[PDB]
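Put together the whole structure using the sequences plus the hints.
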Amino acid sequence: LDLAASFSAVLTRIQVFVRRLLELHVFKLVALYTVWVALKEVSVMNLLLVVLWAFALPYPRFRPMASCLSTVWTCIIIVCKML
Amino acid sequence: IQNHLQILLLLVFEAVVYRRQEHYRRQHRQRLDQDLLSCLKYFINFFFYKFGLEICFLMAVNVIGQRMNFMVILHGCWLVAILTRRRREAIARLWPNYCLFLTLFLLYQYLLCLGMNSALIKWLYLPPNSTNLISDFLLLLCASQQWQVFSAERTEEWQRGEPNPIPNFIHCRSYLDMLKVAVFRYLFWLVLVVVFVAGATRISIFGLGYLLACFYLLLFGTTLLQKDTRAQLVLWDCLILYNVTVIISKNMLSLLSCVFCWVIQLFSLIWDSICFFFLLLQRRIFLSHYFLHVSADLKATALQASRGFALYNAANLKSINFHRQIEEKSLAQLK
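Read top to bottom, the protein sequences are chains A and B.
Residues in the first sequence are numbered consecutively from 784, following UniProt numbering.
Going by UniProt numbering, the letters in the second sequence line up with residues 924 to 951, 967 to 1053, 1072 to 1083, 1089 to 1120, 1134 to 1234, 1243 to 1251, 1281 to 1346, in that order.
Read the hints as simulated data drawn from the structure, not as lab findings.
Honestly, I wouldn't trust all of these hints.
Pairs of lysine-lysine residues, derived as DSS-like cross-links and limited to a Cα-Cα distance of at most 30 Å, are as follows [said to hold, decoys possible]:
| # | chain 1 | residue 1 | chain 2 | residue 2 |
| --- | --- | --- | --- | --- |
| 1 | B | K1310 | A | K811 |
| 2 | B | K1224 | B | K1078 |
| 3 | B | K1310 | B | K1201 |
| 4 | B | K1340 | B | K1329 |
| 5 | B | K988 | A | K811 |
| 6 | B | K1224 | A | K823 |
| 7 | A | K823 | B | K1078 |
Structure, rendered in structure tokens:
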């Protein structure tokens, strides 16, 4: 009956809220895992990745540049795994 | 390496979520006072815009407490330098410099990690633990977001004749009014209990300072509220400064944990930070408009005090007359 419609409406509201929360918070929440990894094992490879997000957080102008360069910095993971 | 792989996966998912949100977009407060849910939505929407300075201060105190080393002493000194210019207009010019100094010192701090007794070299950072840097990174994140919001100002919202819209909490015609009065009037009388407990649970000789502060305010809080905002904020700044002095001094004396009788007993080498949280919250409450009405209520009670005495005398005389009447009736019965 109305239970299915209520569930569908709740799912739609949850999706809208999740999208809004992501669009509002992910720009800062992205660097959290990188910071946790950098603090987990301090290394020269992770230092540049940490510093990029550190400078990006203060100046939002370089934030899109840091988001673009995140993939370039992550390339060191394959080299570290191979070594 | 599973950790680096997961980090790269999260980095990719960061842009994946942005692309999905963009596709979902392309494809597919005035109401604050009405109900509690509306006010909760307001807090969800502009928590940072209102409470950024307090949150950054409390994260700073968090890192002070977590590290207790020599490097975070600069954190503490710059914290106090921020506090002494408490008014937000000075912070307006100091905050960009604050962020620049934070990033400048964090760069050196991170560089020092990778690269003269053992206890002292551990207490300092010279050739060096680095797990504690998570709190400092979180501080930088919060300060940067505060800088961003402050620069933006969200200028379209910014969410004494009569500016207070619905100040009349005192009559409590709605559940929201009940909560607002329980926060705006019966909370100072919980800041006092928090100060007392903070003093009396950490037995060091700074807690005795808290006991003096609680005993003083508790004898003069009821008349402190009657004062205008000027003296209130002055004395509350004094108490906040004493509390931050206590926490920074405890950070300093943490050095005495490396070079390690009666002195250590007498200085006893969290509770001194929850008091900071409540002090900042109450200092935000004071200057707010929604406290003017309760201050007016207290003024009204102070002026109305005299009437209650005459009312009570009337009640006593009524009871005395009643008992004289009943005694007279009984004695007439006996006669």
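Exercise. Of the hints given before, which are not true for this structure?
Worked result: 1
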